[PDB]
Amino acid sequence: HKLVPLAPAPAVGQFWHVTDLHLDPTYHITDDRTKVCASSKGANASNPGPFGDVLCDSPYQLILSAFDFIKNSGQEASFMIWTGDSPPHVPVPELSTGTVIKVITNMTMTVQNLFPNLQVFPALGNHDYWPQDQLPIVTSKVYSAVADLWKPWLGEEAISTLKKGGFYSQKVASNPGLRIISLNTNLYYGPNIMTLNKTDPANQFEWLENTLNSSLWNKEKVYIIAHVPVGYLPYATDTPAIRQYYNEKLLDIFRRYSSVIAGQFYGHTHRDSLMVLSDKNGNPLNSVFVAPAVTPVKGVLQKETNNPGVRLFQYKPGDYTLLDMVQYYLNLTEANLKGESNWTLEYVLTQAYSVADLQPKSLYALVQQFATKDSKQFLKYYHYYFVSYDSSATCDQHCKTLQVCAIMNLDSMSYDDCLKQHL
């Protein structure tokens, strides 16, 4: 037979996920530690170095080290997802629309300059707007500016919806049959006073339903990406990450389409968390991966924070089932002491937890293990939750119940049931 595609001589696809870069262009080592970074809001940086400080957002040197690590890692990857939050945590009057656009431009061009051939799928974060959190339900300067910045990666239809509402879907050029849906979940975030009481802000739910329907009929698989996740904040009691009304509506769509959705990937929490979306009777439907931040920032009172992280997913080519996740990190104290970075493997999920893959069943069974008393699996998970920032951090019985309940129960009814039974 002539002119047949050439067969291979077990291939695995891979993609990167980076999030919550939070560049602080003010960062510099100075004798007066209240002047190291505007993101410390006048507190003395604790022990600052070239790669940052726990009381500061990311120096450019830290962000560049993360992307240089990716570039030089020897990992092949066919795309990258980037789930938002580029400007630093400074007060509203210290920023502006133009300043926000300048920072997002810097990060976008850093990526485009270092990875000219790599398609990247961004999502907007709640800090990717001026004033922060107030992302609107109609077009805006920011939405237009990111549409221009991200045009190398996005087709006409995606640019159109991004300009209008901050969301889009896009085919993955290197992966026929895979579509990325990039939601603007900041429309559902509590502090957003521009969307209070709207049943379908920016018509994103209607759009999402229609997009998933078309993916079904076009035999596509979907990865969902967004900044703010669904479900419950695992360190708090009964505090959904987005407003309850919206969390419930979004989860209803995700459950119904859970056979088309092969992955969900979020940021915002600056922590390494898992969730398993199940139906009301506890049949696992969809795996959810919240990635930790590059920035190590924390407030003055907060007891723990994260080390900087970036992560890589492995998936089945042409099928898009998730096979593994490799979490990398920077030991910030180690890097700052010597002045050179050593981005390094934190863990491989299948090896760390002795699971076969990232399918909902495999993670659902793992979390049953977490729940057993003195589970070594949960102890490891809690260490990884802060990206190995503090091995002596402990999670008492109340803390663990809040964590496990949030991992397994993404809707209000299931979550409440879990707390009533175990708290």
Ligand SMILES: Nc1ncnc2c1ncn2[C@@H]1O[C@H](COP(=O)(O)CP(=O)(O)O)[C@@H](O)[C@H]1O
Given for the second form:
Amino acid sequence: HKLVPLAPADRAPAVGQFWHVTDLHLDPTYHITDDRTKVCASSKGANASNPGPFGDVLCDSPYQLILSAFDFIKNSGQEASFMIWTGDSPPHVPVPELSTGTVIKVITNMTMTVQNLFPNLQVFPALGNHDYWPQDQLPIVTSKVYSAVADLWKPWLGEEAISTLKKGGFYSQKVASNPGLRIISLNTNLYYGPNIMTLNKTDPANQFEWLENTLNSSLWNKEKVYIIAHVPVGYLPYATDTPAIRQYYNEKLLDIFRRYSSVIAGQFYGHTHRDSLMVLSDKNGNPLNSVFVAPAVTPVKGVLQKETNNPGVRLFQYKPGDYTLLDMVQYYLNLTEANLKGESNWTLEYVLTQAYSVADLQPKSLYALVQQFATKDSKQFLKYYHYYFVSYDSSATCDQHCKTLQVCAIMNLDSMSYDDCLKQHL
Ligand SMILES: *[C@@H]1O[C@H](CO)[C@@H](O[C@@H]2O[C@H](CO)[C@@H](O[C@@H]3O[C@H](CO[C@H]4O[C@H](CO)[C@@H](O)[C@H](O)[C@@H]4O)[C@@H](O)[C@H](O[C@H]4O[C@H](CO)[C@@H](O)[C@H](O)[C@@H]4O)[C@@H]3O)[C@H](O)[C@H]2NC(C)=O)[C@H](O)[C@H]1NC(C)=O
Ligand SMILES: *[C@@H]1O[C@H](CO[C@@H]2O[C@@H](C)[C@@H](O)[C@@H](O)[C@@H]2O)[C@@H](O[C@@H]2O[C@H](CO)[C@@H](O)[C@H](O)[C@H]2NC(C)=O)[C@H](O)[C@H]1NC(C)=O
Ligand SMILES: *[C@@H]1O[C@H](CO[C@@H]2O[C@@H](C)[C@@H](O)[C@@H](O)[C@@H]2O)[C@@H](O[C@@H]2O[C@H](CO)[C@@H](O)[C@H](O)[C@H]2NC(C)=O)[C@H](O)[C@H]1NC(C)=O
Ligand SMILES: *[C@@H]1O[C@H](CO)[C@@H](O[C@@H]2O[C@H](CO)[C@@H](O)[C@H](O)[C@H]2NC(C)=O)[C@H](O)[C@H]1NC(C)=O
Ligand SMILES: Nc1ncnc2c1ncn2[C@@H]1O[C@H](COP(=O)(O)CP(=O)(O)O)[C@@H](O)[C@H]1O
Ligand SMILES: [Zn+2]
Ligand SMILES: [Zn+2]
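Next up, the form deposited with the ligand bound in place of the form deposited without the ligand?
Once more the chain from above appears, this time first in line as the rest of the complex follows.
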């Protein structure tokens, strides 16, 4: 007779789950036509290779492809308490074929697609480098795009997040359904090489100072943080000695992350359109923080590229009220199969713990996995390289130089450790 909360059962608490989708790159021009140079503006005059209703490898995403991905999520049977969405909604077309109003129109379409299909789902977006006109020129003060997305994303974000988003394209937000968890959505496009607006700025839009203060508050309030952004930290795995953002910013951002590794329970990025792992470590090789780069929904590649990705979306599992990452489930669309019969079959690609025989996604568990990759003829690395392209090409091979570049980028996010890895393994 005293109104005490009702105790749950002795059952095991169910894991928490969240979706990650990225790099949708809608091409509204997509349409099948005899002259394959007119199928999609994003092929920039090249002949689409073998186009179908769900797209083509030389094209960005038809609306039907993006719809099939979100329909899959909706009907998947997976419970999820939120979704992260790390940017890049307009297609790859020349700057004069876009405008601020066109960019805002595509972002609106994608946002409203999500809000219409998932009316009760909190979504945490980040801006990508194509989410601005002209592309990559994301500014260090308020702008029409920043104001537009602050209005579009208001259903998901509190007043403070809306205020920082409008001013600089970044925010942090407590997760309604997960007390003790905070999402930090960075604008890492401010650090991206092509951005003229941030040349020679030590702290563009004051995001480093803001990030430092946010993480410090999280540390003292005993919160855990998931970092999300479009462009990742670290090195490109397919090129030699090339940081994904400007070296000065990569070093500075990584030092913040190392200092707050006890608070940061995950980092999630897009932009590369590939499935990649990174493990942030200290100078002595001790693992500190796990990093997950998710592949894109668009399958687009340039004519000069041999390989591309299949469309992908992914799901993370985490410990409730604790937020340690337990697993990752990668789903994909076999685009050639879907196009041939005209019906999509989004399906499981792999479960990380099962594919690699690891216990969970903690930095030490993944560090031990990537150490296996480094062994000669590692079957684990061969599997990883197949998944890097989301199973696009089972016959794709990675020679000695290719593999050194991959493994060095997985394990060494800062310049000193990366260059030392090259010294040892080139
Ligand atoms: C996504 O869905 C696609 C479409 O179904 C799958 O791609 C098909 O995969 C099958 C099997 O891997 C392919 O069938 C085999 O093709 C081999 C030829 O390899 C390539 O080279 C020729 C060049 O002429 C291309 O035309 C061809 O499309 C391939 O890209 C043949 O060697 C095989 O024949 C022999 O082996 C098999 C046993 O393995 C026997 O069944 C045969 O009778 C014969 O003895 C076989 O024909 C098929 O070609 C692929 N189609 C396309 C369009 O690429 C993907 O595998 C799937 N993705 C995933 C991850 O599952
Ligand atoms: C885009 O493709 C057209 C058509 O390509 C042809 O059709 C393919 C299915 C295949 O049979 C190719 O070998 C063909 O080229 C290209 O125009 C045709 O190209 C060849 C050589 O010029 C010739 O057979 C046709 O007369 C050409 N013109 C037409 C109208 O068919 C065109 O060059 C391609 N464009 C680009 C940028 O690659
Ligand atoms: C990180 O925060 C600590 C803790 O300070 C408190 O943390 C939050 C609740 C926030 O709301 C702050 O206002 C609080 O004061 C800071 O530690 C303080 O450091 C100064 C020296 O600069 C010292 O005089 C205070 O006594 C310290 N307070 C405590 C409680 O130890 C620290 O400065 C913050 N770090 C950064 C980089 O800003
Ligand atoms: C997002 O864009 C898609 C594609 O442009 C819209 O679906 C199309 O809507 C127009 C009508 O305005 C038709 O011309 C197309 O045939 C529709 N389908 C496709 C596959 O193109 C969709 O309505 C837009 N959604 C929102 C919320 O704006
Ligand atoms: N996987 C890759 N292999 C080779 N070149 C790439 C690869 N990814 C990107 N590039 C190159 O890096 C630059 C950025 O490419 P984008 O397609 O815009 C990535 P996004 O669409 O996420 O912004 C391009 O010049 C592109 O040619
Ligand atoms: Zn992209
Ligand atoms: Zn990008």
